[PDB]
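Note that this complex is displayed minus one protein chain, with the remaining chains in position.
Labels run A, B and C following the written order; every chain starts at residue 1.
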Amino acid sequence: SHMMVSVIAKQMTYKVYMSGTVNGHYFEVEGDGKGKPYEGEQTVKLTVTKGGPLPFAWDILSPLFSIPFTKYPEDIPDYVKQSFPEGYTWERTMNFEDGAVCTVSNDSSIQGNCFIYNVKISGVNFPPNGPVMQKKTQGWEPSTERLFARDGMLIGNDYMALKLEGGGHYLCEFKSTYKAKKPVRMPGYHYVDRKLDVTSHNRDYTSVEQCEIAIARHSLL
Amino acid sequence: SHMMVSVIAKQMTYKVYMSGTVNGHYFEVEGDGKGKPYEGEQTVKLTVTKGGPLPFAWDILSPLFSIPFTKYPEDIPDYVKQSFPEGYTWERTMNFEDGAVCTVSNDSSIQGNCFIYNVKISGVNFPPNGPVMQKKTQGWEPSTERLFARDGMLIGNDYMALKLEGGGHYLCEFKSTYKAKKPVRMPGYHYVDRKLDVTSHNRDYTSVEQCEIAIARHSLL
Amino acid sequence: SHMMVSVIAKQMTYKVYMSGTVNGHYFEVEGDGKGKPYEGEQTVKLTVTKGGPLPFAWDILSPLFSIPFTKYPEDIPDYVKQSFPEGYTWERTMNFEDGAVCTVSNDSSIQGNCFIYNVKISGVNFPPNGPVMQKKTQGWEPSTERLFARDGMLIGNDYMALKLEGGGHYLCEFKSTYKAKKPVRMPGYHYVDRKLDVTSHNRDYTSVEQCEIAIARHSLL
Partner (left out) sequence: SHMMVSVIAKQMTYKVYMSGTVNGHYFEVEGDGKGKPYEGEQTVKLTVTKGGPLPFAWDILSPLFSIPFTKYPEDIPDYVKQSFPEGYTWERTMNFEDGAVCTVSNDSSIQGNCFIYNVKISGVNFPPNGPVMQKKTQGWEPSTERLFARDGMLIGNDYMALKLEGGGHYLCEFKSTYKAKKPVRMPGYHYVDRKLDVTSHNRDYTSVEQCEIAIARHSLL
């Protein structure tokens, strides 16, 4: 079994606060979630508190609403979990195959049994007739992030794909940079498999429930 | 002489309001500017009003503070000036050669003799020992933007370069998408030459003055 | 068990013919290999026949010397194996994180018990003091290609990483496009895990022996 850290219970909740701008439209979202950090399981309920209903696909926000909830096997150092109680920050670029770009920054803290995430997203050049502004997406495929240490930062790359109405895929590249706020034991080259689903939502996606499973590992061969 | 639009005087002022995050650091800036829109000359005084003094090179913000102040020869339609009084928006990506990326959005309107600009920037993945975080930049080379029409929008690209303390250059690619808030007459493929200098600043760059000359043209050949 | 095709025996050999140019240096390589296509196992012995010894790292050529040797599970259509006897072509871009770029094209045929591969590589902008021209690489990490169907072509993306002398990683992005020469049954979204090793070589890598294991699969979750 993997070393559990005492500041992170086997059952934890969290609060997430998002603000951002996508194609010039400002908006804010708040969520409360919960899960089992050492099993890699979590769920979150989101509420659009400003700028709703959103004129773009909800799916582009889904993977922005909790990386402490990743199951790590015994021999792989868990970068993110070691960073607590002080916490971590990360920065992410999303490059969509039709030219749209998002930049994302996150600050993560802990208060007792509850993680606190603050996240900002900026999105530009989503084509007006594209699957995002026309809400043609049907959730992400499961995906695998490739992670490795560099300058005491963790670096993640992920080939993502939104499912399209009536077959087809809309590609997105994730590049992520994770920075603990204190020095920790770096892991080596490894992967995290993820599966993310919207399990329920209202008509204009102003209330949304998501859930995720994330499990780290070495190569299979 | 180029046609002059009655809603834009030969001398104008403007106010610019900017908020943003760069490597996770929030900041706000306000500016007051003036110039001669049909001669392509302007100056602006900027004040950091939140999150100052900034921990990053001022030069990455410089080109975000007024495209109505571009001189257009008579035979080239002026996309930006035609958009008034309704105004315009634009979005910009900034891709630096060490992998930092900025997304920018802008909304621009007019009140009498005064343009009003609202601009938001999100910049991520500046290397902590690179010339931006170590404030080693020494202003921008004069540059040229290539512009053409597509789908009712004016598309621009610019290979920019920052000057480096100790000679040499730090490269940045600009991609811009300008969208008038009403249909306007579309120009053909053309160029805009620009020179942009910081003419004065205090020690921690919390007060900065910039001067810019911008002139559109056809190919020189 | 997966459907085996009659034109592809459980034990097969192959011949591979490479010519190319890397940083302006022309060279040619020939290899003979063998393996078990339905088990995903193969080995190949390469000989540099022109332009040797090569002034660059052998590792940049390794993943160019046999995709019929991929183990597919029963329920996933095997695009490449269906394309025979007529065969297939593919095109690949390799984008290295220090700016170097390779383009690759391949034509694959079959004669009896022996596949025949013709491959061309063009490589440019490898920095003269980089790990490639200074031969600092220490083989690839195992990796996973993400594959999906589009316009009856198969499309693969792979986040690759060369191991560096004294710790460290040198990243490379693979984008591949595979085209059967006759229509076949397209698969859905899936992955291929690969592990590629140089098992033996002489002093200046003019004779090189490699081996590979490649196994397709769905997501693990």
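Quick notes
We take it that contacts are C-beta pairs under 8 Å (C-beta built on N, C-alpha and C of every residue); 3 or more make two chains touch, one makes a residue touch a chain.
When the full complex is examined, the chain removed from view is found to touch B, C.
Note on the undisplayed chain: of the listed residues C:64, C:80, C:104 or C:208, the one touching it is C:104. Shown as candidates are C:45, C:120 or C:135; the residue that touches the absent chain is C:120.
Annotation for chain C: contacts to the undisplayed chain at residues 21, 23-24, 89, 91-93, 101-105, 107, 120-125, 128, 175, 177.
Remark: the residues of chain B touching the chain excluded from display are 141-144, 146, 148, 150, 157, 159, 161, 168-169, 171, 189, 191, 193-195, 213, 215, 217, 219-221.
Note that only the chains that are shown with their structure count from here on.
Chain A and chain B have Cα centroids lying 32 Å from one another.
For the pair chain B and chain C, the distance between mean C-alpha positions equals 45 Å.
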